[PDB]
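This document opens with one chain alone, in structure tokens, the form deposited without the ligand.
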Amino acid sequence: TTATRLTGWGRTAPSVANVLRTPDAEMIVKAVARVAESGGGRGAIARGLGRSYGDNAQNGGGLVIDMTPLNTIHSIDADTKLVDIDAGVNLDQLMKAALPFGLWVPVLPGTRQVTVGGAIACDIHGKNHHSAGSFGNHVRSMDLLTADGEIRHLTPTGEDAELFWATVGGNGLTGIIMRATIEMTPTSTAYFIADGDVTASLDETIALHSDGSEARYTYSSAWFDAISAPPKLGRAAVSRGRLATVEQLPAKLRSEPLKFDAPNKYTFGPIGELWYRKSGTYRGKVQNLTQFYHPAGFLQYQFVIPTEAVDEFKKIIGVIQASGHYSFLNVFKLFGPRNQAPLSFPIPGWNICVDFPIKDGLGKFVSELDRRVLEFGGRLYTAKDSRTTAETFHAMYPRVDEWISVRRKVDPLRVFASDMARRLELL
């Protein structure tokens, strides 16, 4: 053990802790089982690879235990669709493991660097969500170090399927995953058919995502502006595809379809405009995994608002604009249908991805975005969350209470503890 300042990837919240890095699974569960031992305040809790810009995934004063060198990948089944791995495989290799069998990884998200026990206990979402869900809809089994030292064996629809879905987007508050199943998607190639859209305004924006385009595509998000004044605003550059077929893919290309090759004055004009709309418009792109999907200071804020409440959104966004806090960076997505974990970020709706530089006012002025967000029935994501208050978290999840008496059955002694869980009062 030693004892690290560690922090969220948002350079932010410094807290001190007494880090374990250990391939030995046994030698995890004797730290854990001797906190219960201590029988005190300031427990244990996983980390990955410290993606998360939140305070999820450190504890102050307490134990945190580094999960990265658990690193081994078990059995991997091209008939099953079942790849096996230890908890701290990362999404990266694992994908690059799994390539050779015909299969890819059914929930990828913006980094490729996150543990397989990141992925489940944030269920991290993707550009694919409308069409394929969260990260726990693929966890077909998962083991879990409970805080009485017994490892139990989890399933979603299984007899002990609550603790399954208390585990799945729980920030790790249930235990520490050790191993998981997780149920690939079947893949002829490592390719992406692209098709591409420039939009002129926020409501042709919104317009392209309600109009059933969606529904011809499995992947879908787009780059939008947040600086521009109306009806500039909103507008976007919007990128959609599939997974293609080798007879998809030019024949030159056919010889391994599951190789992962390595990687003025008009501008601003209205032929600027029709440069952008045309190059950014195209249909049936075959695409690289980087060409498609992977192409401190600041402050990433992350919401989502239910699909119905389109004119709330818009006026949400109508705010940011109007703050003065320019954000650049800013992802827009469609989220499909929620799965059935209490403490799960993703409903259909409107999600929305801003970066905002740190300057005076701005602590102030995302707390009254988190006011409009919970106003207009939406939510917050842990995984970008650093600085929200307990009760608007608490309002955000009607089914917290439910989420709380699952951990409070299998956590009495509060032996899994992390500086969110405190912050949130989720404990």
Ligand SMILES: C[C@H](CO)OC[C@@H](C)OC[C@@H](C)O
Given for the second form:
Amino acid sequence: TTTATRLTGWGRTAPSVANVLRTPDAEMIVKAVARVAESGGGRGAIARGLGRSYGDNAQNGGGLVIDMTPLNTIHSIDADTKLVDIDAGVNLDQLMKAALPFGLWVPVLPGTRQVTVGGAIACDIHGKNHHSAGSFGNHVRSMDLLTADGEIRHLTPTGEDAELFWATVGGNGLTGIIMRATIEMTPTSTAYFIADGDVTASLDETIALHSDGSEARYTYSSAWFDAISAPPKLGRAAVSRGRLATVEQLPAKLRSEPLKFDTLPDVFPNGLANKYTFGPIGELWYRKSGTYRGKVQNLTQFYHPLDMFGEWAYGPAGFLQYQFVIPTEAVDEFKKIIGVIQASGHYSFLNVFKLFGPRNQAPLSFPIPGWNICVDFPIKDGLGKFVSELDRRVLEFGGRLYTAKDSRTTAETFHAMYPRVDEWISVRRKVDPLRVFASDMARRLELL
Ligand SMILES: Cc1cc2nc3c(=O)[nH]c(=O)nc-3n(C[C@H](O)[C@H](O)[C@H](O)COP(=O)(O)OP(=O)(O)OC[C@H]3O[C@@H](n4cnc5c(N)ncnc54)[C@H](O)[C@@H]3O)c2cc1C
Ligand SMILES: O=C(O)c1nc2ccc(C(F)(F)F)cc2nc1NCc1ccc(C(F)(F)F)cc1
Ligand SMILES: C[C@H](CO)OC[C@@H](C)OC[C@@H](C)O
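Let me have the form deposited with the ligand bound next, following on from the form deposited without the ligand.
Every chain and every other molecule in the complex is listed next, the one we just looked at coming first.
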């Protein structure tokens, strides 16, 4: 069914009207692309997954949007080769659940499991294990791409079509529609983590902990940090680090089903704050609560600690998500940018801190080794012009923004942040001379 629909990214801003094709028939999808290609110039087409990108990369005002979520077959899982063969519309939660009984683990998980394989590839997503596992694109062994000429090209990371493979990774759907892919999974003997927790008192402590060599001992690592408090409390963090557990590390209670996968506003409607919360006893409690060694945790506990806070309303509309990475060596610059945020009069509570490891060969891939930050600002007067200033500082400090989080940076800024963009554009124009694939983001960021 083709239907005119008003679409936004997860941020609920920059809405646009598109014809949304929603069909489980792959032949039908090929036809829609064949059609647009024969128009000989229109507003093009773009794939859309579960719409978890905050910005405008999965919409196409006055053009076609192809919803890929019906194409959601897991074709095979093989424990011996560790390979999964899945439709692009398969989501990571579905995949995780299907693969666990084989002793296989999704090699890269984002902070939400409601993302499609196509969206994971097109945004080259990263997770808590980036420093040890790279991003999603690193684990794709092949994918089938529906190109503008209406052909399906079988792409591999090292084969004859390697250039197009690596332009599609992180390509935000602008090389064509990923129909199907083979992913190499991580072997695992349990669905649990062994975790170590640390709590730092300041930005300086947070940085030292990430720079002291301890990161090499954990496959998974991420932190919450304070973005509101004045120094020295600015940049103090709760750090969660771990690795997948082996069967013997589990307590007997859980050894029987090692691979099995199994809130607070309902218990405490008054809130969590008491008379002690912000004084010295509170500080002591938080420090001890966030400090531990060898704690066995399931996925929700280790990986989705946002889940227990239920209704606590800070992620829908009226918030601007901002994510950037600063190269590792630029520690002084990084610290400066954190100070700029604190003094801005814009207050973010939901803050992510993570040290990225080595980048991959995708020219538009977001992650580079360095200090990754997410912040979430309430929309209020002055914010648009302030984040523009942030863009300037991110750029001048060698860093970049993430397309999966952006709806408002300029083409000029984006291009300077991605010095391989011309290289990428040359590939896209080779594979899509007629701009059959197009999106609001493509036009805004001049990637069309
Ligand atoms: C709560 C939350 C937490 C998050 N945490 C993280 C995180 O930790 N790390 C991280 O990297 N990201 C994170 N994200 C961002 C998210 O992982 C990406 O935006 C991801 O691309 C969303 O997948 P999707 O299927 O919803 O794709 P959509 O947002 O629907 O589309 C995103 C892009 O993928 C393209 N696309 C989708 N399907 C296909 C296809 N079949 N072929 C070609 N192109 C396609 C679209 O054209 C678009 O350019 C988070 C998002 C949310 C809401
Ligand atoms: O909501 C999001 O967009 C989000 N983005 C993330 C980007 C990177 C990473 C990284 F890999 F680095 F750990 C994690 C991300 N997590 C996201 N959301 C889940 C989430 C956000 C904030 C918090 C915290 F504030 F710390 F409690 C806890 C969980
Ligand atoms: C951001 C990252 C989740 O991938 O870490 C959150 C952990 C440290 O929880 C922090 C608590 C206090 O909110």
